[PDB]
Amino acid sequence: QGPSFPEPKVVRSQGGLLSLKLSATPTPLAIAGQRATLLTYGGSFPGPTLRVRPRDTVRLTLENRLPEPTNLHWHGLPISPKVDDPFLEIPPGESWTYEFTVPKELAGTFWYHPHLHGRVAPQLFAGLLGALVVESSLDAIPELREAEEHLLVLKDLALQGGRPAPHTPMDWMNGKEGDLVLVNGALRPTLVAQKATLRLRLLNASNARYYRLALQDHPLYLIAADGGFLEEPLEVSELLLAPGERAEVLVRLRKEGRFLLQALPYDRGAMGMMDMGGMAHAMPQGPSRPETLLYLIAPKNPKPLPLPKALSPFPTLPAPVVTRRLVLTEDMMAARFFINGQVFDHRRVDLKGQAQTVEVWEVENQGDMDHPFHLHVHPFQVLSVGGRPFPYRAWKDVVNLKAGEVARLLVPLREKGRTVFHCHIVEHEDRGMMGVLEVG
């Protein structure tokens, strides 16, 4: 009804159960005016949005129809690492059923993607990703109920011969970015708003591209981070979304018009090649070029809703029992990446922690690139970066660290089991930057 906007098909729980068979399969599709064969969940790029409520049961059978093994990571979900198992391998032609219960106080936008070490970056870049939305009671307050809601999956692509472009040697060093900067698998779609207040769920599902988001003539009001609501809306002029991060923002359309949502220039420290000469500092790639993501058309005579005065109080965490230091380093020319001087070894446990305790993790980026740090299974609170306070209180599962930045994180250890932490520039994970945490 009314104007269409590209958005993944939604699959909803019914009677407390979301039961779904999802095939990972190569799929010819229409894409930015051409046809390409991608790897997809459920025959679509992005994959289908799963939409659940807390205490729902999820029963997702993944049927591997790919030529190579794969698995699923339930990114940001605080469930058992025996369900969200980073070490599982589903061979071609086999299936695996993931079953879990949605935690009672969970809310926000999460996502699913492959996590078979060594093959994450080609599989994710080929199109294997989808969103998971956990509805909240908070969605019923009038200031959010009457907002027009949309999911925006930010994911870039590059095609060669009608297939995902292969990884180059430079891609393993820098992470791969594509020339097609897509929203919900579409190139610069137009959203004709029917309400004056929008609620946009934002997902950066790219391998390595950063999105410094800004909407022409409008601030964004951040109401949720990766893993849940803020305590109250926070107004920002722009919003940096690193790979793997999610956010939810309210947009208040004051005037009629057509407004661009852009990804403004951002220099994440990627390295170029050099062979000609006549420049300054031209080893680095420098800032990205600005990109238009979508066009936003405001409704006639727009009268936006008032902002909610409060959202979700953040639980006070107990005092920590242990301080950890994790130093990120790089060897760019070998494209190898380390945590505390070591590359990932699936047979090696790097940190041993206690269930039902809180730890502080000091993650230090001693490299020259931005590295976005991700911890499976255990959402954390970012206390500070570079010795200065984080601007809001909310659950996060990815924290971006610029060169030289140290983040201090409060990490409550929940479920027992063996899980991983890694850079979410997925090429870096494939090339070393992952370690193993065991909780007992």
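Residue numbers count along the first chain shown, from 1. Only residues modelled in both forms are compared. Definition used throughout: the rigid core is the maximal C-alpha set that superposes within 1.5 Å between two forms. First, how it differs from the form deposited in another entry.
- The residue that stands out in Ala282, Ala158, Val321, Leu234 is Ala282, the single one whose Cα moves by 2 angstroms or more between the two forms on a rigid core fit.
- Once the rigid core is aligned, the segments that move between the two forms, defined as three or more consecutive common residues whose C-alpha shifts all reach 2 Å, run 2-4, 275-282.
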The other form holds:
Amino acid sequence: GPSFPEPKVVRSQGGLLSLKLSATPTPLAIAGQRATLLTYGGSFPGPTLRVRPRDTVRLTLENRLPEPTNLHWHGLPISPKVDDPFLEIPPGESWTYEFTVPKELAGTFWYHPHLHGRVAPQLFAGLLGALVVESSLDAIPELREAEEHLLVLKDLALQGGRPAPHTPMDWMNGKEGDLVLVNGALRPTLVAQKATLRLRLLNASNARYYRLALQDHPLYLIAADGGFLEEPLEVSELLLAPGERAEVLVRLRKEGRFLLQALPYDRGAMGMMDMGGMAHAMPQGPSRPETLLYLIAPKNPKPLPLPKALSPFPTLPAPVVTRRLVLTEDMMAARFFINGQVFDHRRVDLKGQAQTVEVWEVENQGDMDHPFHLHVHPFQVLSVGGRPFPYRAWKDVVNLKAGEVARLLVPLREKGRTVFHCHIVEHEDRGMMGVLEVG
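The structure above corresponds to the form deposited in one PDB entry; please give the structure of the form deposited in another entry next.
No partner chains or extra molecules come along with it, only the chain itself.
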């Protein structure tokens, strides 16, 4: 096969992407070993769905797992009557998701389970895939002529040829695995054929962070979770928290081998120690550095010029309400809270009005990083930790370190009941989720 493994792509045909996908235990070869994972479409990751604005998507999910499941169309500003976080597909049953891709949309999105209390083990076991919305902006020469790849960043741990079970500490921290993979492959080699690469990045891990850095190179950020920036932004490194996506341009500067690494990052995960009358929580500290892939540059690379502009960010109406949502932790209980409460699917927490804009101030009063996700309604990050964001773009997950406040501008789009929650999915399963009703 191609030196660089990427998931199989399924494309819309004549404006329709009609596909049946089964969620199923699947024996497969992974990182040189045989394992049974839970997959969509018999692969890990699941197939990449590639569509254009205004396409119709008709996806029938057949549940062949021994427990109920469903889909979250992560990042898609569609109706919560379609992207329904409360729906349950029982074992053996099927459900058809049908929606139209919004006209003003572009970027890398993804799909995975969202059945409360069962997300972490299902996602950890392999149930996820990417969805790419192609844009007319892809036709500009500076992007068209780049070599494009999707990088699904997901780790895994195996025990007896199956995904390792969650421990109590896993429910507290979020589970990370020792196999740190790209597109389900262990440290693949990308042999570049062009000097400019356009990489779509997805963190589909339960809890692992990727502090991304390419040896000897900067990255040029061109898209965030849910759309393009206004112009490329040069960065020395790029942190991708669970659930986040980014698109970058890489401009290969000379021939050679360059490592794309996940540099040490301390997200505040905790261990336990006993030092002669202790038995108390201790920080795990920063992650060990990981090599994600080997990047081989072509001979005499001459990268393209960067595009001067991408997409202008919409001018939003003035906001009509300000909300405050405080995150707290009970680590030893592995319970997690928003405004002092745990999720209750019967309780509406916030009531907003469609087509108005709100300001959400999300404050992390815990000690762990928490990546805050809102369904259905993409937002503009204004500032985090009192620092203004250096670009305008649509996001749907925002990482908060301990103590930090994020100020978000949230246009309310589709009507209905939806949710917001931490995307360390163990924390969501353990209660860190709330309900927004838009009318």
